[PDB]
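Next up: just one chain, as structure tokens, the form deposited in one PDB entry.
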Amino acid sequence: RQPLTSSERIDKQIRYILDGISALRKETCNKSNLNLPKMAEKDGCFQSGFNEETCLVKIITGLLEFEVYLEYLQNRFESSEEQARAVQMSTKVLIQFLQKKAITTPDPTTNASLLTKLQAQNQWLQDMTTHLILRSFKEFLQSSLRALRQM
């Protein structure tokens, strides 16, 4: 195993998670309100108006915000239990990597109450909710990846 710089470790970590999510989406899509984080020009991650210092802040912020929804995913893939867990843990690893390359920590209790609301919804909305966490996490990560390759 050749040694990887920080940036290289980060690039591989995101490709790892993107792979895991893809595996969950197949288990979702074939078996077929929210304010999920999203990239916007203000964040300065796109080519138009790129700023590294604030982009990295948005990525870490967005990922910390994504954690409640990854926790929600754990009890929606009973057989793919291992795969949801891997996505949840790898993302926590990713945050830890990004925090050394670098703000708004989500409030635990606000998260915990949102979680039990999502968990109480009826099956149909729950299946809708799963699909869009996956889709939106994907897009935040693809965009995070595209960014970080510049930094």
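Residue numbers count along the first chain shown, from 1. First, how it differs from the form deposited in another entry.
Among the candidates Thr61, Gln123, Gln119, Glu78, the residue located at the hinge where one rigid part turns against the other between the two forms is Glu78.
As a two-part rigid-body motion between the two forms, the smaller part of the chain turns against the larger by 180°, taken from C-alpha fits.
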The other form holds:
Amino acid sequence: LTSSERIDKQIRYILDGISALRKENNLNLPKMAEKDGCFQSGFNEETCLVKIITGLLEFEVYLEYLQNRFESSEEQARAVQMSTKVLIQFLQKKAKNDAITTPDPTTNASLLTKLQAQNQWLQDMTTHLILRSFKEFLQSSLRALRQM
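Write the structure block of the form deposited in another entry for the protein whose form deposited in one PDB entry appears above.
No partners, no molecules, just the chain.
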């Protein structure tokens, strides 16, 4: 590839990843203006490139913010995963009387491969559905648990 081709495919890679993430506050984020020279109404091959490199560097701050937000969600999901595991030990300890079903570890492995095999719209939808069904299940359980 050449210079303009590596630029094109590198930007195409970044743009695809942004769409994968997307599924009052008066903040100043870099935008493209007419005087910046990136328009046909005054196209400057150098003035535009100065604005591009400047805007991306001024955008690089908010990219670190996004990684902190998505890491917080990763730490959030891992916390719900472990807090449920403790909730199992709490309930079985209070029971102490066991007709208990435990899922098959290899059946779960076959399901996780199938859940992640479908495309991104189905997986974003699956993530959307799992959250609602589990919260509704806990609210129904907690209500009956408080009646004791």
